[PDB]
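Chemist: With the hints as constraints, model all of the structure from the sequences given.
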Amino acid sequence: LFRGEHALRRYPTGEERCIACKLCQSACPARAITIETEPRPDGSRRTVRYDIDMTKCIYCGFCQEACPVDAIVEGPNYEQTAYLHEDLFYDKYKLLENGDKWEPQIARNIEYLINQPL
Amino acid sequence: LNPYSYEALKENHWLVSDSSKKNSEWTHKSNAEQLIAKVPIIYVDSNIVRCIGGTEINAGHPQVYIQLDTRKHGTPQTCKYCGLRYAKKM
Amino acid sequence: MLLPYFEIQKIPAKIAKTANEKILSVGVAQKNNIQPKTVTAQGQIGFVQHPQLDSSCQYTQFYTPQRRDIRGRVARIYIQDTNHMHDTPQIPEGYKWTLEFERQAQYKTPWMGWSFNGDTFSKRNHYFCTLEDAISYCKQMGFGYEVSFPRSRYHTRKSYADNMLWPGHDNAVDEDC
Amino acid sequence: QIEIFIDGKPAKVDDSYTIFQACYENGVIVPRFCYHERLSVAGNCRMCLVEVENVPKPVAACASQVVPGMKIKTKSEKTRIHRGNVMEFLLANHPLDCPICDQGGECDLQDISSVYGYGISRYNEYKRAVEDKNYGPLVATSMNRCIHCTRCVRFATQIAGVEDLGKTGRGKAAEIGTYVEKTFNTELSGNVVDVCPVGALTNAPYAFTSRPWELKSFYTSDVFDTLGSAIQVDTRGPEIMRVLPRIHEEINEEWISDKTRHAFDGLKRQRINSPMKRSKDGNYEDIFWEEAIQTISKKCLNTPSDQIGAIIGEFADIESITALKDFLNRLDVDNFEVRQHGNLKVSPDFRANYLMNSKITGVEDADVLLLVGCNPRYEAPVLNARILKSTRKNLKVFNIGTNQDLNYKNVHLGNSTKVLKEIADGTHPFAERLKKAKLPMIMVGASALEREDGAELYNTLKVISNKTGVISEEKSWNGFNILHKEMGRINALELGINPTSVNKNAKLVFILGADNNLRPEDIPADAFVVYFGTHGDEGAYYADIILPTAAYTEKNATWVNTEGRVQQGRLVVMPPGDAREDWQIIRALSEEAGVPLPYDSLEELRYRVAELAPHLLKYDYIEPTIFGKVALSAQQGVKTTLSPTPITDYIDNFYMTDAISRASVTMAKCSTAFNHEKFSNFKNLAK
Amino acid sequence: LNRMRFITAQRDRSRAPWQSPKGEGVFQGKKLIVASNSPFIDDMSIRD
Amino acid sequence: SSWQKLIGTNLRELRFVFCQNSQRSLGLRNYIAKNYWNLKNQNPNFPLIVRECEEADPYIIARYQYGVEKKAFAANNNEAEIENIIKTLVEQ
Amino acid sequence: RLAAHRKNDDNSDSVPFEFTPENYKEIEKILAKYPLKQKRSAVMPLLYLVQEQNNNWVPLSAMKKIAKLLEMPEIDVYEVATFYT
Amino acid sequence: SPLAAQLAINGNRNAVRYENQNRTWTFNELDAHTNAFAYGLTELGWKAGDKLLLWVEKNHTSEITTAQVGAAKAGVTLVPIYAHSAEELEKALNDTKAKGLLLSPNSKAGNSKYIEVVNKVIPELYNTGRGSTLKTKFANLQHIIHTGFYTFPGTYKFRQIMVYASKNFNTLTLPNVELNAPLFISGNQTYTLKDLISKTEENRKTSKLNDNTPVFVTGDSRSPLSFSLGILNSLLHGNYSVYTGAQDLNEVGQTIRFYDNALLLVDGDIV
Ligand code: SF4
Ligand code: SF4
Ligand code: SF4
Ligand code: SF4
Ligand code: FES
Ligand SMILES: [Zn+2]
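Quick mapping for you: the protein sequence lines, in order, are chains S8, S6, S4, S1, AL, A2, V2 and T2. When you read off a place in the first sequence, starting at 1, and then add 118, the result is the number in the entry's author numbering. When you read off a place in the second sequence, starting at 1, and then add 36, the result is the number in the entry's author numbering. When you line the third sequence up against the entry's author numbering, it's residues 1 to 4, 13 to 185, in that order. When you read off a place in the fourth sequence, starting at 1, and then add 31, the result is the number in the entry's author numbering. When you read off a place in the fifth sequence, starting at 1, and then add 146, the result is the number in the entry's author numbering. When you read off a place in the sixth sequence, starting at 1, and then add 1, the result is the number in the entry's author numbering. When you read off a place in the seventh sequence, starting at 1, and then add 25, the result is the number in the entry's author numbering. When you read off a place in the eighth sequence, starting at 1, and then add 19, the result is the number in the entry's author numbering.
Don't take every hint at face value.
[What the hints assert, rightly or not] With a cut-off of at most 25 Å between alpha-carbon atoms, the simulated SDA-like pairs for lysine to any residue come out as follows: (1) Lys-164 (chain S1) x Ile-55 (chain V2); (2) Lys-88 (chain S1) x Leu-127 (chain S1); (3) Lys-424 (chain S1) x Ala-169 (chain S4); (4) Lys-64 (chain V2) x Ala-27 (chain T2).
Read the hints as simulated data drawn from the structure, not as lab findings.
Modeler: Set out below in structure tokens:
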């Protein structure tokens with residue numbers, strides 16, 4: 119359950135889970151999430167902007183609880199110390215690569231958490 | 037075919053299309069369109085298919101039901117959560 | 001509450025003091041003549057009134073050494089009902105008057121494309137139960153006001169029997185072609 | 032007048048009320064999905080079921096009249112059970128689509144479920160699935176969400192006047208929509224979205240972009256058509272996100288046209304953001320405000336008075352025209368037109384000369400309407416809907432000019448001006464048809480008055496009105512109406528500018544944002560042109576100097592309706608880049624030219640306006656006039672000779688009629704999708 | 147180093163500037179003649 | 002009578018602002034309702050602007066070359082004095 | 026059955042339909058059975074006539090012809106022909 | 020009038036189908052539309068003997084057929100022309116002395132559209148005032164009617180010359196259809212209504228037609244043979260006419276496979 123560094127997930131096919139529902143944006147107590155959406159040319163609704171100010175975030179996990187497709191998560195990583203204030207301005211590239219790097223551990227933890235109610 | 041032509045717009049939900057699908061790594065900051073296009077069509081025996089985007093509930097997306105009995109026989113349909121496409125078998 | 013003091017309802021006449029307004033004294037007199045004498049929730053004609061920076065505007069806290077732009081502004085007072093998208097909201101609207109201030113600067117800072125307000129004031133709206141309350145607040149804080157009055161849907165006769173009416177005799181000839 | 036009881040509190044209502052109407056008037060809110068305050072009563076859904084004593088079955092509040100002495104218990108447990116059961120049945124087959132549904136955050140299904148439903152489900156079977164239909168680039172369909180509420184069918188039949196929607200099938204497998212693959216092409220089409228309570232029909236341009244809770248709303252009025260439609264603008268930061276209709280009951284009722292709703296996205300592109308200057312070879316360079324104003328001031332000081340001219344644009348407000356008129360009067364200039372043809376032949380001497388004297392609601396009051404060169408389907412779709420409603424209630428429509436596919440029945444009196452001459456000279460049955468009518472009404476389109484014989488047509492119309500009884504003191508009725516095409520022309524007429532005063536040869540032209548009806552031959556090849564504007568489609572290519580201005584949503588201005596109503600357009604977002612207000616630019620130029628104007632803020636400019644015309648200070652109001660018969664008196668010995676030329680309209684493409692709409696993407700999509708299908712050389716004889 | 151492409155797009159989301167004519171152009175009196183910038187096709191002027 | 006036959010080359014516009022029903026604007030209202038077409042026929046091009054408001058004061062505003070205006074108060078003035086006021090206004 | 030028009034090459038708008046003269050006499054008799062202002066009431070009988078003369082099925086063109094004949098919108102003919110199995 | 024024969028009995032039958040426009044008309048609809056065209060011409064002071072040039076492409080089948088029947092009703096003489104340059108159009112206008120010219124603006128002629136050629140031939144059209152009559156170098160030229168979508172100064176749209184006259188409040192009149200009135204000048208030969216009717220019946224006898232065989236007219240429908248075996252044949256006898264102008268033989272065959280013993284005409288020539 120540890121709440122660490124945020125990441126954006128994918129389906130096993132490689133498709134983005136996030137459908138730009140903006141529930142995570144309104145769930146944020148710190149107003150750290152900014153989202154902008156346009157219809158992707160194939161027709162699916164995806165974010166053209168999804169960024170989180172990590173200097174505003176309080177690491178509360180309200181956004182990962184609000185997500186209905188388990189797209190945004192808080193990973194296990196805590197060694198995210200930065201030398202510049204601009205290194206903590208997380209855009210979609212950073213969250214996507216964080217998800218693509220930390221996917222096995224996040225998947226294992228989420229698998230156990232899902233099986234807990236069952 | 038011209039993506040701004042009447043036919044191309046009409047058969048693309050009135051949006052300007054992109055056959056190369058390589059505009060989305062800049063506009064949408066990812067290559068998910070290419071990856072989902074790499075997945076072929078799933079052919080289902082019945083007239084309706086149920087998608088949850090995974091093997092179990094809560095691992096994927098909420099249960100959705102897609103009609104495969106179309107006005108034109110065998111027209112594939114796309115899940116609106118995951119990009120998987122389904123069609124009625126023959 | 002929406003439907004409920014004379015001085016709050018009284019609209020003072022303009023007195024020209026600037027050289028430009030001394031030039032247009034006839035226009036000031038005409039505006040004093042044609043504008044409504046008193047303001048009530050039953051009015052139909054909207055109007056704009058200048059701020060009254062007399063002794064009555066002493067209760068404002070927005071006149072600081074760093075801020076000389078808030079006092080003297082003109083607000084907008086109107087009722088904002090539920091929009092045309094839904095009929096039964098869980099929090100309904102239209103039960104109060106809204107006082108609103110127009111935006112003063114809005115842009116996008118370029119490092120992350122982040123929306124920024126050049127004026128921290130006027131970000132949120134102010135809500136009052138009665139129009140008299142909003143006007144009294146404006147008079148206290150040295151604000152002018154643009155008052156506009158609500159428009160409501162008319163009452164109409166509805167019945168299911170209207171769906172099934174006799175077309176009339178087959179011999180009704182229309183001489184209008 | 033009968034006494035009923037609602038939750039124990041006695042109340043007095045009228046015997047013609049329904050239970051829903053009585054409850055709403057007494058402050059009691061009853062959930063509903065299919066009832067609408069303007070459509071016919073349907074009882075298909077059952078969410079408005081209430082509990083009444085001595086009546087075993089629950090009674091539908093919306094579709095049941097009140098009974099003297101009855102008691103309505105909306106807070107009993109039985110009512111809660113009824114609402115829970117109905118909500119359960121409604122949500123049994125609803126798809127799990129809220130995250131992807133554009134109705135989320137403003138869905139009546141969501142709020143009603145949260146407030147009145149049981150709060151949890153027990154249905155554990157497959158839901159029905161419906162294939163989506165294509166209705167065009169304005170309406171997006173997700174038909175799994177439909178609850179078969181019939182609101183769209185009733186709106187299309189009774190308000191839009193089109194008969195393309197219906198319900199085909201039976202039972203649970205029935206489907207709402209067209210039987211064949213057909214677009215929902217019509218004006219007022221997008222309105223159906225606002226009628227549908229679920230995300231079944233959604234605003235296709237407004238797809239996935241925004242959510243209800245992240246928007247700020249402003250009240251303002253539209254300028255795309257000469258009806259000042261009351262609208263609500265929803266924005267997020269510096270970006271305007273959508274436009275919705277409001278309630279006025281004297282303008283547009285509840286509805287707006289598609290151009291009003293969607294052509295606002297033409298303000299996001301082709302914008303002029305800084306002052307510019309053009310070289311001889313045609314190169315454009317960005318310059319400072321000071322340099323541009325100094326150049327224009329030198330030109331003004333050097334140019335003779337008789338060589339100075341102006342053009343008044345389509346989107347010109349009262350303040351801008353007041354500023355320009357005062358400045359050019361200071362420069363001893365009294366000509367405000369350089370164009371040879373296309374001028375309105377109406378005197379601005381009286382307000383009744385050029386206004387809609389019977390107001391917008393007059394179509395409900397009249398029994399005979401006569402259109403002269405007017406096409407309401409394109410020039411005022413909401414007024415067209417009002418006329419359709421009135422024709423359903425014994426209103427007869429006759430038309431002189433091009434036959435149009437209005438959604439109601441009209442009688443074609445003719446095509447050319449010979450019909451008007453026959454009517455004016457008598458020996459035509461329509462003269463007696465007008466005489467026997469209780470309240471005759473004539474609507475002449477403004478376009479027919481820019482004909483080379485516009486004055487003669489005006490005199491003929493005045494003669495016809497006075498002879499038949501369109502204007503009469505005995506009936507206290509003034510049926511003469513003019514349907515304008517530009518807001519700026521209305522404002523210029525209200526201020527008192529003669530539209531027929533044209534400078535034949537001008538060497539210095541101020542174009543105050545005019546792009547329509549502009550041809551290179553109108554402007555001399557050796558003139559100096561200063562164009563004040565927001566878009567770069569036309570006029571900006573004639574200009575030696577270009578000054579960026581503010582759009583209608585970017586300034587606090589006053590607009591006069593086509594019926595004479597004075598309205599406030601309010602600032603929603605500041606103009607982009609280095610643009611400035613029109614009157615501020617003119618005042619700065621006047622100061623730099625040695626003839627400063629006696630006003631420094633909007634208040635002093637409005638004081639000057641009050642000096643000119645006090646009625647412009649009364650907002651959302653129409654000032655009555657007592658000079659109708661004097662203004663429209665049939666003068667003796669005036670020319671009434673009409674050219675034997677057919678009277679036509681001025682609109683070809685509905686979706687693109689001005690610079691803002693021409694610079695719109697959704698307007699281009701609508702053109703591409705609908706212009707070929709809507710074009711016909713023959714009358715639809717069905718209607 | 148490619149910061150301008152992101153800034154320009156964000157600016158153009160709500161206010162795209164009009165591209166002014168550059169260099170020598172063609173004149174018809176005082177009007178300057180250029181080709182239209184609309185990517186959409188005016189099909190009703192080519193249809194028949 | 003000769004004054005109204007021709008409008009002087011310095012006069013540019015005659016604007017009348019008054020009330021619809023107030024007794025103050027009674028004289029100017031009646032004068033406009035009787036002598037408008039007499040002036041308009043002799044000067045078919047000269048503007049004669051008439052605007053009325055609910056409580057506006059009666060004014061006869063004369064505009065000259067180079068934007069010079071001369072506004073005259075015309076309250077409680079009968080036909081003869083309205084005639085004289087307009088004659089003097091169009092005389093300078 | 027599907028409550029919509031399936032795309033069929035042999036059931037398009039280009040497919041012709043025309044009532045026979047005997048069917049026209051039957052049509053005038055049926056219209057005589059009903060009031061002058063209620064011609065639409067004859068939608069159900071006329072449909073049978075189509076189903077009589079076109080191999081026991083009703084094409085889309087026949088439904089459009091019926092709508093034109095009865096001065097009623099095509100959508101109402103669609104609803105009537107789809108409601109009844 | 021002979022042209023109203025099918026109106027007398029069973030006017031609810033389908034008279035003509037325009038495949039290129041997906042348009043089907045009954046006899047009542049065709050009669051009403053042609054009456055509207057005739058009334059619109061009459062209102063503009065068109066009498067017997069006036070000439071109306073036709074410069075229209077194949078895709079405007081309904082416009083051409085309505086114009087032909089309306090010219091028959093109104094007594095004006097129809098004269099089709101085939102120009103591909105400004106010089107040809109000027110020669111046609113000089114030779115015919117036509118009062119009007121009905122055209123399709125978007126049609127191509129060399130490198131320029133029809134409307135561009137018309138403006139080149141008549142430079143007075145551009146500067147013509149709104150609502151004013153034409154002042155051209157051609158004596159009798161008064162009307163330039165086009166079938167297009169947009170508005171061009173000096174010209175009028177096709178829909179703006181249609182007067183759907185009412186039962187009452189109608190102050191116009193339509194002259195009786197004369198059998199000897201000229202109706203067609205193509206290839207320096209004159210054609211009246213009587214000659215066209217005789218050609219219709221002769222071709223019916225030779226090609227073995229009756230009141231049951233549909234007739235498929237493809238390509239250019241301005242030819243007198245196409246008129247005789249199409250709309251004129253339908254009005255005289257009740258045959259079904261199908262106009263498929265500007266469609267290749269594959270689409271024509273796909274349409275004609277639904278019909279039995281259809282007689283096919285290509286560009287006025289029996290195939
Ligand atoms: S909460 Fe989840 S699905 Fe919604 S906008 Fe955020 S990441 Fe996307
Ligand atoms: S963990 Fe909490 S504070 Fe941080 S982004 Fe998520 S919702 Fe906001
Ligand atoms: S219409 Fe949309 S937001 Fe509304 S409850 Fe249904 S799916 Fe959810
Ligand atoms: S698509 Fe929507 S508005 Fe239309 S009937 Fe269905 S539920 Fe009602
Ligand atoms: S709201 Fe009363 S039955 Fe639908
Ligand atoms: Zn899925």
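Chemist: Could you run down the list of hints and mark each one as holding or not?
Modeler: The hints, checked one at a time:
no., hint, result
1, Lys-164 (chain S1) x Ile-55 (chain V2), "violated, 37 Å"
2, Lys-88 (chain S1) x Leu-127 (chain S1), "violated, 32 Å"
3, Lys-424 (chain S1) x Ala-169 (chain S4), "holds, 17 Å"
4, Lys-64 (chain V2) x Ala-27 (chain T2), "holds, 21 Å"
Checked against the numbered hints given earlier, the structure breaks hints 1, 2 and satisfies all the rest.
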